[PDB]
Amino acid sequence: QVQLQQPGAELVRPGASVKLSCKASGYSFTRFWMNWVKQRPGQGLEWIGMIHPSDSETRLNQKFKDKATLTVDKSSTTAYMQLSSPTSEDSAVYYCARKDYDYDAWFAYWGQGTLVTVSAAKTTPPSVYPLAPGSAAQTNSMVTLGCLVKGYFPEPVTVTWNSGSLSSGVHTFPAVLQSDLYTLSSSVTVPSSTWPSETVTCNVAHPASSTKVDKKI
Amino acid sequence: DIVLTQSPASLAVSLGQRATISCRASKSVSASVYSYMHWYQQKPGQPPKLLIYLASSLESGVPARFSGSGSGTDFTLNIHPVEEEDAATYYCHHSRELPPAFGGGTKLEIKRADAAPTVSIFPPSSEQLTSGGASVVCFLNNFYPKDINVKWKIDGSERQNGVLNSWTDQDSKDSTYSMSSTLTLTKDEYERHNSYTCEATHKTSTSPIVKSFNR
Amino acid sequence: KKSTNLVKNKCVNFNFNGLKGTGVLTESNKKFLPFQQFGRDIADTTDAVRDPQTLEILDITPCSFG
Amino acid sequence: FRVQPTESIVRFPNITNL
Numbered sequence: 001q002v003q004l005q006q007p008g009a010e011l012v013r014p015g016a017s018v019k020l021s022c023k024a025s026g027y028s029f030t031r032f033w034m035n036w037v038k039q040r041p042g043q044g045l046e047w048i049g050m051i052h053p054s055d056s057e058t059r060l061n062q063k064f065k066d067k068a069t070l071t072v073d074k075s076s077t078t079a080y081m082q083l084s085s086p087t088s089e090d091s092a093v094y095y096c097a098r099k100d101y102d103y104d105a106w107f108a109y110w111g112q113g114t115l116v117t118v119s120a121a122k123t124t125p126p127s128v129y130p131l132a133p134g135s136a137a138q139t140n141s142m143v144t145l146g147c148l149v150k151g152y153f154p155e156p157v158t159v160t161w162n163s164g165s166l167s168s169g170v171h172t173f174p175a176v177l178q179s180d181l182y183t184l185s186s187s188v189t190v191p192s193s194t195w196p197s198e199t200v201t202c203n204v205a206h207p208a209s210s211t212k213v214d215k216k217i
Numbered sequence: 001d002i003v004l005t006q007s008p009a010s011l012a013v014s015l016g017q018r019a020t021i022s023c024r025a026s027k028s029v030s031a032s033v034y035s036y037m038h039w040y041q042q043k044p045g046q047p048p049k050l051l052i053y054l055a056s057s058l059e060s061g062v063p064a065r066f067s068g069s070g071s072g073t074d075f076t077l078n079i080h081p082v083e084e085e086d087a088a089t090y091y092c093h094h095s096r097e098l099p100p101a102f103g104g105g106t107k108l109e110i111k112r113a114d115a116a117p118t119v120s121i122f123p124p125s126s127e128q129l130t131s132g133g134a135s136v137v138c139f140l141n142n143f144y145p146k147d148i149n150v151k152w153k154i155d156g157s158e159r160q161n162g163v164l165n166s167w168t169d170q171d172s173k174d175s176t177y178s179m180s181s182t183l184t185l186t187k188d189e190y191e192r193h194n195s196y197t198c199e200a201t202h203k204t205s206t207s208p209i210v211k212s213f214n215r
Numbered sequence: 528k529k530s531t532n533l534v535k536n537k538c539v540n541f542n543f544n545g546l547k548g549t550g551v552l553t554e555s556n557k558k559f560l561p562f563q564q565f566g567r568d569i570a571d572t573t574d575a576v577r578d579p580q581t582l583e584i585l586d587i588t589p590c591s592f593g
Numbered sequence: 318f319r320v321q322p323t324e325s326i327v328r329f330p331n332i333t334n335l
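Quick mapping for you: the protein sequence lines, in order, are chains C, D, A and B.
The deposited numbering puts the first residue of the first sequence at 1, with every later residue one more than the last.
The deposited numbering puts the first residue of the second sequence at 1, with every later residue one more than the last.
The deposited numbering puts the first residue of the third sequence at 528, with every later residue one more than the last.
The deposited numbering puts the first residue of the fourth sequence at 318, with every later residue one more than the last.
Derived by calculation from the structure, the hints in this document are not laboratory data.
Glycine included, C-beta positions come from ideal geometry on N, C-alpha and C.
Keep in mind that the hints are not guaranteed to be accurate.
Unchecked claim - Sample of chain C residues lacking proximity to chain B, with all beta carbon distances greater than 12 Å (derived):
| no. | residue |
| --- | --- |
| 1 | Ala-9 |
| 2 | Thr-30 |
| 3 | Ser-54 |
| 4 | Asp-55 |
| 5 | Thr-58 |
| 6 | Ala-68 |
| 7 | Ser-75 |
| 8 | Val-118 |
| 9 | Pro-130 |
| 10 | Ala-132 |
| 11 | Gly-164 |
| 12 | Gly-169 |
| 13 | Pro-174 |
| 14 | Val-176 |
| 15 | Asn-203 |
Said to hold, decoys possible - The list that follows gives simulated cross-link-like pairs (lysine-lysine, DSBU-like), each with its CA atoms no further than 35 Å apart:
| no. | chain 1 | residue 1 | chain 2 | residue 2 |
| --- | --- | --- | --- | --- |
| 16 | C | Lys-122 | D | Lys-187 |
| 17 | D | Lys-27 | A | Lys-535 |
| 18 | C | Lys-63 | C | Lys-215 |
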């Protein structure tokens, strides 16, 4: 089975180097092209460039010339991409896709994506707080619960309820940047025969800081 | 090169209707009786997927409600019958020339009948009050449309500063919206104020939905 | 033996139904009649070829200049 | 100058009968 893997996110200061990894498995890494796609939120998709892994020959867009650099390692079958002096406008989501050629060339498969955030802010562990009203006045037969995660950097973090046991009623909200910090408020809706019986927990993991926080409501 | 232009940017198609998205090319991409085009679906937080290739075929695993046709520069891509899970961002691509270009994108909104929102104000916990600050969070779920007015009242006084709001995309199942309103405040502003009030103003409700609690 | 896929943008060896050649596979805007196998120019070299499995027309762009 | 090819594309007709 063909599967492409990329890291979740990477933090870099302006003026440093950015190194990304695209792992290929199930197909020959040589015979097939490796294409890169830049997705900036609100700007749509953008075409980075292509590279032929056998001869290292690269094809770069006119706008990304002299900036992006493509290279491949044929021993571990992993393609790399670098960016010289990334700036604030270079923050985006990067994909690596494979072209399966039958007549016209389309994108058959995609990667998970890596968020590159360029900011001078330090790595901060998150502060996670439970949210309960404390009393029920029988206003509804369904109970709303929430976890507030604030003061985390870099974005994103992965939030779940009881390690992903409740897949229904989950609502995860995106962050708003304030004071070089991020905040979110994850909410779930449980029935009334659950919360006096079971305890629903906030299970949040930040893979950039390697910090896993379990909080009880 | 060839620059792709898509119109409109935001298309609203309800259940039982037909959607139309036009991808224009500066030059003719049609060659060898066929044409070079591709159309993708990208959901928030998920990579895009192939649906219809070369307008003449349907990819395996893709439902039959997606169809495509057209020749020359301007292409037409149709969807029918539309389903509640069809809301996503759509793109178009051409591999003929080089360096290739990507489309501008089109957001598809699925129309739904209006529902009253679930409004819940939650007090700040005792874990936050050790650190010196507090945050009051009002959750607003299951509402349509996106235009809703959020107001905060501390003891009858309205403060529009220091509030944060955050919106999401349309759900695949419920096809509604959810948001939060967070207010950050200091412990010295928590000691002298007893009541916090979340207020939501909607088009369907004449009376705004008021929620309050006592410290 | 085993069939292979297509690499369009690179100079590679071409063996199609026994016909040998080397060049670049490019998009062809020329119209061919489906009843013909391939076609050649006045130089007795193959300028285009049709894929045996899927119906398509691709041009052979010469490589190895110098 | 000379440009030596690298990969090799071999396409044979889809076999209905060997």
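Verification of the supplied hints:
Remark: the non-interface label on C/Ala-9 is consistent with the geometry, its nearest Cβ contact in chain B lying 35 Å away (cut-off 12 Å). At the 12 Å boundary, the C-beta of C/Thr-30 falls inside the reach of chain B, the nearest C-beta of that chain being 8 Å off. Chain B draws C/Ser-54 into its interface by the beta-carbon criterion, the shortest separation being 5 Å against a cut-off of 12 Å. The beta carbon of C/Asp-55 sits about 6 Å from the closest Cβ of chain B, which is not more than 12 Å, so the claim that it is off the interface is violated.
Non-interface call for C/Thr-58 relative to chain B: holds, since the shortest CB-CB distance, roughly 15 Å, exceeds 12 Å. Residue placement check: C/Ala-68 keeps its beta carbon more than 12 Å from all beta carbons of chain B (closest about 23 Å). No beta-carbon of chain B is positioned within 12 Å of the beta-carbon of C/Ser-75; the least distance is around 18 Å. With a closest Cβ-Cβ approach of about 37 Å to chain B, C/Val-118 is found to remain outside the 12 Å limit, as its non-interface label requires.
A cut-off of 12 Å between C-beta atoms confirms that C/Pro-130 is not in contact with chain B; the least separation is 58 Å. Every Cβ of chain B is farther than 12 Å from the Cβ of C/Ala-132; the closest lies at roughly 63 Å, confirming the non-interface assignment. Annotated as non-interface, C/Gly-164 keeps its C-beta farther than 12 Å from every C-beta of chain B; the closest such distance is 44 Å. Annotated as non-interface, C/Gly-169 keeps its C-beta farther than 12 Å from every C-beta of chain B; the closest such distance is 51 Å.
C/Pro-174, annotated as away from the interface, keeps every beta carbon of chain B farther than 12 Å; the closest lies near 44 Å. Non-interface call for C/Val-176 relative to chain B: holds, since the shortest CB-CB distance, roughly 50 Å, exceeds 12 Å. Residue-level check passed: C/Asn-203 sits 48 Å from the nearest beta carbon of chain B, beyond 12 Å. Between C/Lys-122 and D/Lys-187 the CA atoms are separated by roughly 26 Å; this keeps the pair inside 35 Å, and the hint holds.
Taken as a hint, the D/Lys-27 and A/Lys-535 pair is honoured in the structure, with Cα atoms around 21 Å apart against an allowance of 35 Å. In summary, the hint linking C/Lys-63 to C/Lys-215 is not supported, as the alpha carbons are separated by about 47 Å, beyond the 35 Å threshold.
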